[PDB]
Amino acid sequence: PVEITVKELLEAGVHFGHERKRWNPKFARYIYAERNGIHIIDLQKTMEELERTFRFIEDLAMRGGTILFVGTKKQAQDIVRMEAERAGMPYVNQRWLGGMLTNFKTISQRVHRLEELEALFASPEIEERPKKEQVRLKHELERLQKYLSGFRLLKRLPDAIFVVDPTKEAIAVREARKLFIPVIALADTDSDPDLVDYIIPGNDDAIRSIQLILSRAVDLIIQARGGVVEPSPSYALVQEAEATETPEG
Amino acid sequence: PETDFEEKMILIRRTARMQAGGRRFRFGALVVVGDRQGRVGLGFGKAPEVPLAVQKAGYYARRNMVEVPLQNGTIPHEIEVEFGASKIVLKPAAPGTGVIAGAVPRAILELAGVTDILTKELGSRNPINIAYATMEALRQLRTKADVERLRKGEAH
Amino acid sequence: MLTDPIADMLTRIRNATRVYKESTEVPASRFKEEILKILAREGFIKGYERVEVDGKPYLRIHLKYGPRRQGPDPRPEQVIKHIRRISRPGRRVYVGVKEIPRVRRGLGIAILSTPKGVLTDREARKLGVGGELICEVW
RNA sequence: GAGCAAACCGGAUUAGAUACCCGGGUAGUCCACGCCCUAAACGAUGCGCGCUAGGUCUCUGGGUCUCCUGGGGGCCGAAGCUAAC
Ligand SMILES: [Mg+2]
Ligand SMILES: [Mg+2]
Ligand SMILES: [Mg+2]
Ligand SMILES: [Mg+2]
Ligand SMILES: [Mg+2]
Ligand SMILES: [Mg+2]
Ligand SMILES: [Mg+2]
Ligand SMILES: [Mg+2]
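Chains as they are written, first to last, in the entry's author numbering: chain B, 2 to 250; chain E, 2 to 157; chain H, 1 to 138.
If you are wondering where the hints come from, they were derived from the structure by calculation, not from laboratory data. Keep in mind that a hint or two might mislead.
With a cut-off of at most 25 Å between alpha-carbon atoms, the simulated BS3-like pairs for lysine-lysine come out as follows [unchecked claim]:
(1) E:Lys121 x H:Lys81
(2) H:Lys37 x E:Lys145
(3) E:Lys47 x B:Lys179
(4) E:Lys153 x B:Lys46
(5) E:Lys153 x H:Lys98
(6) E:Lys153 x H:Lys46
(7) B:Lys46 x H:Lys56
(8) B:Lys156 x B:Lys133
(9) H:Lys98 x E:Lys92
(10) E:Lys92 x H:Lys81
(11) H:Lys56 x E:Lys153
(12) H:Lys46 x B:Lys46
(13) H:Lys21 x E:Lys145
(14) H:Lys98 x E:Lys145
(15) H:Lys81 x B:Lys179
(16) B:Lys106 x E:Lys57
(17) E:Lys92 x E:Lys57
(18) H:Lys98 x E:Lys88
(19) H:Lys46 x E:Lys145
(20) E:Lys121 x E:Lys92
(21) H:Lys37 x E:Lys92
(22) E:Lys92 x B:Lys179
(23) H:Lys56 x H:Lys21
(24) B:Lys106 x E:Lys92
From the structure, some residues in chain E lie toward chain H, with a derived Cβ separation under 8 Å [claimed, not checked]:
(25) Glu79
(26) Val90
(27) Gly124
(28) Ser125
(29) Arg140
(30) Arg143
(31) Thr144
(32) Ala146
(33) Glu149
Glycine residues also receive a C-beta, built at the ideal position from the N, C-alpha and C atoms.
Using the sequences and the hints, build the whole thing.
Okay, here's the thing in structure tokens:
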């Protein structure tokens, strides 16, 4: 049953039958206290820390600060970009690079090739040598973009970090704290609530939680201070958040 | 503000590695940079040429400094610190005592801007870990123990 | 069966703090209880309070630390960075008054056990007496 | 005293083989009582006791029993330790 949330998209489900001899284990469902992914233990402990954290995201915001989020799991990545562009800041989906922060003065160079290439495919210099290098410059521009598509907003090392799972993207969190950078992350029982600077004890995994915690973390920024504007947002045309703007091919 | 101190090279070495054909030296410099006002920092970078080796260590130096709590001209109090096998130990001394210590600990203490100490040594008199040796010492000197024992503790 | 009742406590506090526990329990007894009275008046530990566990008396020592730190390894500095036993059993170390220790150049105490209650380098000297040198804390 | 096997008897390989290989063979290995007491008799890590994250596999008793509590064996690992391993 899809409570107006599922939407009938002619989803067959012919190959989706439970004929997968799934009728094999009785204890198949070892079930615990994790049936939908919404845990809040001790409350007087977590809610205390939340206010804490979210009070800073607000501060770093107003102080003009910057917050690059760090995403690495498939269980996020894209969920990192939406909350990325919606909130004008740098993000890292694909993969971290040793030094992303403890080497700026060098990884930032890559960012430069990137921009450099991005210039050339805009001037008449297009096509002046063998297709080979033409592609030699396309591979790069392409790759570079794959791994640097979000680091282009880091003219200088950031005031904070928002890594999802400070245990899977630990290098990130190492590099960070080695440079006195408050590290903000999700974290759970299977994490280092000692390393995480400003914790938000959500579910490390679980798409939903992510989008839930990461969004307000994005909205809180945006709503930093305020203003009038009371005609509210429109529904169906929420494309500026990114969605799937203009395709190529 | 200003980020310039006085540099002192502690001890340099050629290191030699080996390959088909022959050997290949890598140089090691051990430098200490200081203010003589409370800040000092060790550093040892390697290189195929001593200078860079020094310069590098000159950069590693300035990056690892430690504001030393000097009272008058000495260390506020006593400390002995274990390292590899080295056991530097410094003892605060009256004025007019002099530095009084090894090539290494002296190179370090004398930049932290000390003037009167008495040093305890007892193992691996190795220019390197005695170097480091003298520093965690300087990192463990106390500022505000007076505060930590009596102050509240909110948000830890 | 413990061999040195005190030393046990001291240590139980020592490791306890190295892992940053909030408080540790230790077998009760006047002495230990009087020995912790000092660590408490002196700030090394928020405090102790007689407690029961399984039916046997124990003492809950609420350890005290410092603030979290910046950079790698953010664990809080220690309040009791060092706490050794001096006068062990089969090693009784009694010192005169002029033999009382100075300890961590006044940054630390040294609990004595003079025929006049359990005092610290300070007091004991102030009162003018010496006795078994139970420990040295800093 | 079946098999095996120092010494030893022959066979072969070798530049030479009192050796590796091959065919026999004694003490011995076996049991009884007595003697010897050594060992890489090694976890190369004395005994006892208290304290300090976990996870994983496994033997054995209790258990409101595929979870927790006791004893023993392995693995990986917190802090810590170590010259390093
Ligand atoms: Mg040692
Ligand atoms: Mg000395
Ligand atoms: Mg025969
Ligand atoms: Mg040996
Ligand atoms: Mg039972
Ligand atoms: Mg066991
Ligand atoms: Mg291990
Ligand atoms: Mg470790």
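Outcome of the hint check:
no., hint, verdict
1, E:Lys121 x H:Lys81, "holds, 20 Å"
2, H:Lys37 x E:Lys145, "holds, 23 Å"
3, E:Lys47 x B:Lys179, "holds, 22 Å"
4, E:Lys153 x B:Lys46, "holds, 19 Å"
5, E:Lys153 x H:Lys98, "violated, 36 Å"
6, E:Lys153 x H:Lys46, "holds, 10 Å"
7, B:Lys46 x H:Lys56, "violated, 31 Å"
8, B:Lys156 x B:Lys133, "violated, 32 Å"
9, H:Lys98 x E:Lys92, "holds, 21 Å"
10, E:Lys92 x H:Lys81, "holds, 18 Å"
11, H:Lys56 x E:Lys153, "violated, 32 Å"
12, H:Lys46 x B:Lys46, "holds, 21 Å"
13, H:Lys21 x E:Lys145, "holds, 23 Å"
14, H:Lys98 x E:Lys145, "violated, 29 Å"
15, H:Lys81 x B:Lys179, "holds, 24 Å"
16, B:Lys106 x E:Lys57, "holds, 16 Å"
17, E:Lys92 x E:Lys57, "violated, 32 Å"
18, H:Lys98 x E:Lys88, "violated, 29 Å"
19, H:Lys46 x E:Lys145, "holds, 17 Å"
20, E:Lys121 x E:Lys92, "holds, 8 Å"
21, H:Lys37 x E:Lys92, "violated, 31 Å"
22, E:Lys92 x B:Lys179, "violated, 32 Å"
23, H:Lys56 x H:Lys21, "holds, 22 Å"
24, B:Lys106 x E:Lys92, "violated, 42 Å"
25, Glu79, "holds, 6 Å"
26, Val90, "violated, 13 Å"
27, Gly124, "violated, 20 Å"
28, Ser125, "violated, 23 Å"
29, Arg140, "violated, 11 Å"
30, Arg143, "holds, 6 Å"
31, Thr144, "violated, 10 Å"
32, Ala146, "holds, 5 Å"
33, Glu149, "holds, 5 Å"
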